[PDB]
Amino acid sequence: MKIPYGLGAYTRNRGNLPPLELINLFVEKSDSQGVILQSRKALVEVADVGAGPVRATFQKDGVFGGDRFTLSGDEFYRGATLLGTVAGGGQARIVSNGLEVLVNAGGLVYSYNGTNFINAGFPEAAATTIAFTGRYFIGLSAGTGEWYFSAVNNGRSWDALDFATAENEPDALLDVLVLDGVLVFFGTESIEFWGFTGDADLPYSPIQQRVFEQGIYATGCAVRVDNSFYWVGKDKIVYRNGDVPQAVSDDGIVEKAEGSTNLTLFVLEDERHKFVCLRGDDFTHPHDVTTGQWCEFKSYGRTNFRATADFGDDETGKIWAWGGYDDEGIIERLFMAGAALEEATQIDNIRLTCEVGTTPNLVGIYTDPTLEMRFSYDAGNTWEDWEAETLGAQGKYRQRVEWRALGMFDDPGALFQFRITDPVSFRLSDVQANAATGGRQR
Amino acid sequence: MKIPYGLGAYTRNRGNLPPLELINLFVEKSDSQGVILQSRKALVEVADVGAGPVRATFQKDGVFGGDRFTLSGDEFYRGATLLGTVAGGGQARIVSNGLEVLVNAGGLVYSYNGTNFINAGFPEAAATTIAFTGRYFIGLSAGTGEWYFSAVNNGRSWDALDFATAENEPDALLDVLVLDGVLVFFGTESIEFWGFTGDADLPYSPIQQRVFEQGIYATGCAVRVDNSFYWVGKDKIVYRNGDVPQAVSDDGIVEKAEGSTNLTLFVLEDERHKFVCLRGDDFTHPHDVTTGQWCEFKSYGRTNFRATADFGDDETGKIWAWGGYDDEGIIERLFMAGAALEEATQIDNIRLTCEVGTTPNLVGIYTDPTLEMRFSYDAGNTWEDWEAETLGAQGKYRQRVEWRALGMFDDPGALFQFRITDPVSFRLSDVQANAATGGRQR
Amino acid sequence: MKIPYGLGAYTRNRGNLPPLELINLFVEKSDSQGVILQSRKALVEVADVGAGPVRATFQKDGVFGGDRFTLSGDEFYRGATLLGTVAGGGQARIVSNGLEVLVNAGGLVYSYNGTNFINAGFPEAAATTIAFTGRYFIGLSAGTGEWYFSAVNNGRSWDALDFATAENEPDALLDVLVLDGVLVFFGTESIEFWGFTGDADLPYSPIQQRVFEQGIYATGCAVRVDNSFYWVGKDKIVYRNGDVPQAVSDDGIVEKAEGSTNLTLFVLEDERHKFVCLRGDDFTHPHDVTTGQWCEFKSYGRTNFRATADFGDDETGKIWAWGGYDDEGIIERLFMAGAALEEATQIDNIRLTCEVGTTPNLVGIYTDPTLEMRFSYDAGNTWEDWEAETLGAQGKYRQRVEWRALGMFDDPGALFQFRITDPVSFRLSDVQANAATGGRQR
Amino acid sequence: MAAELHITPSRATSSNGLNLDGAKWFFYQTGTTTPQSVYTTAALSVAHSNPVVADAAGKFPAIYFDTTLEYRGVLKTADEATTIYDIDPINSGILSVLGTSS
Amino acid sequence: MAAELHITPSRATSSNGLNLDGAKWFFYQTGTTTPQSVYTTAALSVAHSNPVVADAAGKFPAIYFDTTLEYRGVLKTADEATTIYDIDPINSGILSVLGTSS
Amino acid sequence: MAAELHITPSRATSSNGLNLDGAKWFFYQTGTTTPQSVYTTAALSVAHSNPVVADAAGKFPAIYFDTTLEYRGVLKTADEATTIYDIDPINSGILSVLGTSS
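Chains as they are written, first to last, in PDB author numbering: chain 5, 1 to 442; chain 4, 1 to 442; chain 3, 1 to 442; chain B, 1 to 102; chain A, 1 to 102; chain C, 1 to 102.
Derived CB-CB ranges, DEER-like: (1) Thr41 (chain B) - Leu44 (chain A): 31 to 41 angstroms; (2) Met1 (chain 3) - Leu44 (chain A): 54 to 64 angstroms; (3) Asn349 (chain 3) - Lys2 (chain 4): 25 to 35 angstroms; (4) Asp327 (chain 5) - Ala80 (chain 4): 52 to 62 angstroms; (5) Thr41 (chain B) - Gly106 (chain 4): 46 to 56 angstroms; (6) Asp327 (chain 4) - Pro61 (chain B): 28 to 38 angstroms.
With a Cα cut of at most 20 angstroms, we get these calculated SDA-like pairs of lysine to any residue: (7) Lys396 (chain 5) - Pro19 (chain 4); (8) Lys59 (chain A) - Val74 (chain B); (9) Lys29 (chain 3) - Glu296 (chain 3); (10) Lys60 (chain 4) - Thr261 (chain 3); (11) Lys396 (chain 4) - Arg14 (chain 3).
Rough simulated footprint, nothing fancy, chain 5 against chain A, three-plus residues with beta-carbon under 8 angstroms: (12) 35-44; (13) 47-57.
No wet-lab data here; the hints were simulated from the structure.
Don't be surprised by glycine CBs; every beta carbon is placed ideally from N, CA and C.
Take these sequences, add in the hints, and give me the full structure.
Set out below in C-alpha cells:
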C-alpha cells in the first residue's frame, strides 16, 4: 500500500495531538517522482571577521568593488580593517547608494565615504531604521516621531526642517520598507502607504484609503520576500500582502511563538526556494514560499539553527553560504509516517523508497549510514526501541530498506518515526506498508 | 498497454532521481494522433563571411535592399566588404531606422550612412546597449549612469544635455527593450517602465507604481518573445511578464544554470514554434512557448549546440537557417520511457509506433537506420547493453519495431532508453508494453 | 458502433501522419441530428464584363442606383462602358462615399463623378491603399512614408501639408483598415491604433499603449470579418484581434503556407457562415468563424478554387454568386473516417447515414450518383481499389449504403476514404462499423 | 623517464573455456553506430576491413587506432549474435583529449 | 597522427583452463592499501563498488580510472584467497606524471 | 580529468584451450632483432632477463617498458618454436612520439 507521510511540521500541544514533524527536510515537486522530501545542505565557512555576534552584513558588485561590510560585535569590519565603532542598539541595518555606506543601531547614524568614517548628523539624537538608497536617505526618529529625509544622494548632510509627520499612529514607529516607488511605514497600531510626489520641498504623499490594522510587533519583523512583503503583526500571526492581508501561520506555529519574547524574520536563498525563517528563542520555522509548507531547520548540539538577517552567525563572527555535505559533522533529518488506523491489523513489513548507496566515503566510520526507525503506540506519547537498518556501501544501488517482524497495532493509529544523523545526502519519494517478494540479487 | 514516455528534459542531480530527458525532440499537438514527438531539422549553410565568432547579425527588406550586416570577429562585413572595425566588448547589438545602421560593443557607438563609417559621437566614452529605431536612438551609459537620446532620426549627432536619470537603481544599468510605445529599463536591482510623453525637451516619463524587484543578471538576458517579454533575474530563474512576474523554470534547469557563469537568451524561429533558448557553458535548453515544455538541443561532436542571437555560428563566421536533413552528418535523438513500477512483472514485449521506412537513401550505409534501445535497473544509475532493431528500407511502410525476450523487472521502476543517430526523419506517437500477435505480411 | 470521422483538414507532412481531410465539405450544428457534414453550393454566372483577371469589384444600393464597378484586366467597366484605364500595380481597392468612386493599384489614385474620370491628384506619385469613405479619404504613400488625408467628402482635391507621420515603424506601411471610429494601420513591423480627434487641422490621434508586434505580411492580408478583424503576420500564422492577439492557424496550415510566396485573405458569405479564405499558390483553406474548423474548397480541373476579394474570377472577367447545383459540371466531395485501431479485428460491414435518393435527374447519366470508397493500410501511405455503391433513383428514400466483405485490419489504424464527384447534393450525419440486419423492403 | 605497463593480449573465448573462431570486432564512431576504419600497420596507411575475423583458434591481427578520433567496439560470433563485450570509449584519447581540454 | 594499439580484454581464469566466477578486483591507493573509487562510465561521475564482481563466466564490466591519481589492483576468488595478480602501478599516468615531471 | 581504460591481463595459452608454461617473451629493438632490457619495478632501476618465463599456469610477472624508446615482442614455447604473437610497435610511445613530432 502507501502510508501518508507528513509534509509539514505540525506539533500542537493544546491537546495531546500526534506530533508529525519535519527536521531539516523540505517539500518540493518533481516530474519523475510525484512528491519528494529533500535534505538540507550543510554549512561551510566563507568569510571570517573579528569575533562577536554578527548583526548585519552587506556586499554588492557595483559598490567599492565588492568589499564585505559587516557589523561584528560593537565595531565594523571592511574586510579586516577596523573602521571605528558603533553605539549599542537593538537591530542593525546597512544602507548604501554606491558613494556612501550608512549603518544604524538603536542609537545613531554613521556615514562613510572613500576614507572617512564619522557621524552623519541625524537631526536629533536617536534613530530606528534607514531604508532608501537611490534618491534620498530616510531615517526614523525614535519615540513618538516622524520620518526625516536628507538631500539628494547626500547622507552626510541632514536638515531639521525636512520631515513629514504621520496622522494615524499615536504610539510609535518601528520599521520602514521600500516595496516600489511607494513606501511602507509600519506603526505599532496601523500600516500606512506613502507614494512618490515629485516635488522638491515634500517629495512624498499618502494614499488615502489604504490602512491595515495589524501593526508590526517589533523593529525587525518585515521582509520583502517577493513582489510583495510579509510581517508579524501585533499578535503572533505572520501575514501576507494582497488586496486584504491574508494569514499564513496556522496552529502549532502561533502558540509556539508566544514563549519567545523575541521574533525576527529573514530570507534564506536556495535555488528557486525562497525560505522565510521565523527565528525565536529556540525554534526556526522557515515558511517555504513556492510550495507553502512549514518545516524546521535545526543545527546540532545547540539550542537553535544559527543564522541572522543574512548567512552570518550569531556568535564568533562568521559568514557562510550553502555548500556540499560533511562539514557540520552531524546533520539530523527526521520525518513522520502515520496511519490514523481504526481496526486491529497485522503489519508484517514496512518499506522506504529512498536514495540508496551513494555515499562517497570508503575510509572512516561513515561507509554505511544506517538510519533507524521507532515504533509507537498511544499517539506518540510514548515510544519504543530503535530498529536500525543499513543503507549499503558505495555502488550498491539495489538495497531494499525494510523491517519484517513488526506485529499488531491496536491503536487510534500506528505512528512511526525515522531518523538519519549522518553527512550522507538523503531523499525520500514513497513508503509502502505491505509489499510482495520478488527479486534478482537485491 | 501504454507506457508514459517523458515529455520534458528533467535531469535533477540533487537526489539521484531518474533522469528522463529529451534530446533534439520537442512536443507538439496534432489531430490524427493525440500527442507526438517530432525531430529537429538539420542545419545548412546560407551565408558565409570572414572568419571569427559571429556576435550579432541583421538584415531586413526595407533597408538598403536587404544587405546582410554582420559583426564577425572584430570587424564588420556588409556582404563581403570590410567596413572598418569595432572596439572590443561584451555583447553586440545592431540598430537601424533605414537611413543609418548603428552597432555597439562594450566600448563605442559607430554609425553608418550611404558611404561613410565613422564614430557617432556618444556624449561620453562607453556604452552598453542601443535599442530604439523609429523616432530616437537611445544609448545606455556604462557605470552608474542614465540613458541619453539623440535628435529625431539622427544617430550621428548626440548631445550632452539630452539625458534623463533613473531614481531607483543605484548600482548600474544593463539592458533596455522596446515593448510598446513604452520602454523597459533593466537595472541590476529593479525594473522600471517609462512611457512616451510627446514633448520636445524630455520625451519620456515614468509610470509610478510599476517596479519589479528581480533585476537582470547580465547585459544579454532579455528577449521580446511575444506580446510580452522574458528575462533571467538576479538568480537563475527565467521569468515572464504579466500582472505579476511568474516563473517558468523549474528544478533541473535552475540548479544547472549555476555552473555556467555566462547566460544568454535568444529566439529560434520555427513554423509556429517560438523557442526561447537558454545558452550556457555546455547546455542549451529551449523553452517552447506554445506548449510550454523544456527540451534540449545538442549538436554532435561538440560541447554545445552552436547558435547565437540569430542563426549565426559561434566560430568560423557562418550563418544558416533550418532546412532538410542529412547535412550535419549525425543528428542524435533520444527519449525516455519508464513505468514507476512496484511489483515483479513479466515484460515479454515492447513496442514503438514510429514512422517506418521512409528513408530516401538507396546507396550508402544509411539504407536502414537501425535505432537501438537499452535496459536499466536501479533508476538509471547503471545500464545494460544495446538491443538494435532495423527500421526497414524505403517503401516498406509495414514494419513493427519490437523486442521480444526482455525478462523480469524487480525495481522501483523499469526504465528504458531509445536512440537513433542518423539523418532520417523520426516521429513517435505511442508505445505499447504488451500487445498481441495478428498480421498479414508485416 | 460509430467510427469518428474527421471534422478538419489536417494534412501534415512533417512526419508521415495520417492525412484526414475535407474537400468541399464544412461542419455545422443541427438539432435533429447532432453534428453534420454539408455540401458546397455550385457556382453560377451573374454578371459578365470584359475579359482579363478581375482584381476588385464593388456595388451597393445607395450609390449610383447600383451600377457594378469592376476592374477587369487593365481598365474599368461600369456595366459595359469602358471608363478609361488604370496603371499597373499589386492589389486593387475601390472606395466610395456616394458622390465619387475612387480606385487604386500600386501606382495612382483615380477619382470619378457624374461624367468625368481623371486623376485625383495624390500629393506625390505612388499610393498603396485607400480606406475611409464617410468623412475623409485616407491614402497611404509608398516607401518609408505616412498617410495623407483629403478635405471633407472631396477626394478630387488633396493637399501637401495634410499628413501625419508614424513613430514606431521605420521600414514601410502596407495596409489600413477602418474598424470603428478608430483606424488600424498595419506596418511591416508593428500595428498601431489611431482614434478620432474632432479637430480641423489634424483629425486623428494615437492610442498610447496599444501596439501589436506582428506586422502584416503583404498589402492584401487584412480582413474585417466581424466586430474585430484578422491578419496574417510577419510569419505565416493567421491571428485574431482581442485583448492580446490569439492565433487560429495550427500545424498543417502553417507549414503549407510557406510554399506559396503570395498570400491573400477575403470573405465568402454564406447564410450565417462567414468563411475566411486563405488563398495561396494552389490551396484555399477557408476558416469558418461560427464553428471554427478548417476545411478545403477545390474547384475541378484546375489548380485552385477560383475566387478573389469578392466572387469575381481570376480569369476571363466573370462575377457570380452561390446558387443551386449542376452548373460547374463536377463537384468533388471527399471525407475521411478512421479508427486508430490497435488489435486485429473482423470488420464485416461499414455503413453511412447520408441523404438518399433525392436526385432531380431522370434523363442523362446522373440518375444514380454512385459514390465509392477505398480501403487503406499503413496510415494512408498506400491505398487499394475503389468499391462503389449506388445511391438510388429518385423517390427511393430507403436505401442502405453498405459494403459487406471487408476483412481483417492489422494496423496502427484502419483508415477509409469516401468520394462522390457528382452534382447531387450530399449530406452525412453518422457512420456505423458493425450493425445488425432487420428490415421491411429497404 | 616514465614506465609504460604491458598487458598480454587475449583470445576470443566463449562463456565456457573453449576458444571461438570467426569472432568479429565491429568498430564504430563515438556513439553513433557508423563504421570507421582500422589500420593494420605501425603507420596509418593501409586499412583492413571493419568486420575483422580471427583465426581458427581466435587470434586477432595487429589492430591500430587513430588517436585523433574516438572509437567504439563490440564482439559477435560467426552467426552475428551473443554480444560479448561493448565498450563505448574503447580508445584512450591521447591527442584528441589534450587538444580540446587540458 | 599517432597509432594507438588495441588489446582484447581477457576473462578471470584459474590455474587450469577453466573460467572463474565472482572474482574480485580490489583497487587501492598507490602503495598504502586504502580503498579508492572506480567509475563505470565514459565520464567520471558514477562510481561503482570497489570490490567488483564478474559474471558467471568471468566478465568484468567497463572499468575506468582517474588519470590524475595512481592505483593498485589485485585479484581474489570468491573465498577471498589465491591472489592471482598484483600490480603496484596498475594505472599508466598520463596527466599525473607530466604534471610533476617532464 | 580523463578516463583511463582497464584491460585484464591474460595467460599464455596454446591453439587449444589449455594453458602453456615456460612461454618466452623476447623483447627487441624497433625492427632490428637486437635485445633490449625490460624492468621489473615501478621505477626503471632493476631489469630482469630479456627471455622471460612464466609460471606453471602461464603467469607472466610485472613487465614495464621505458617510454622514450620503442620495443618489439614475440612469443615462443619452451622448445623455441610456434611463434604465437608478433607485434612490431608493441609499445605505445607517450614521450618518444611527442618529442619528435606533434
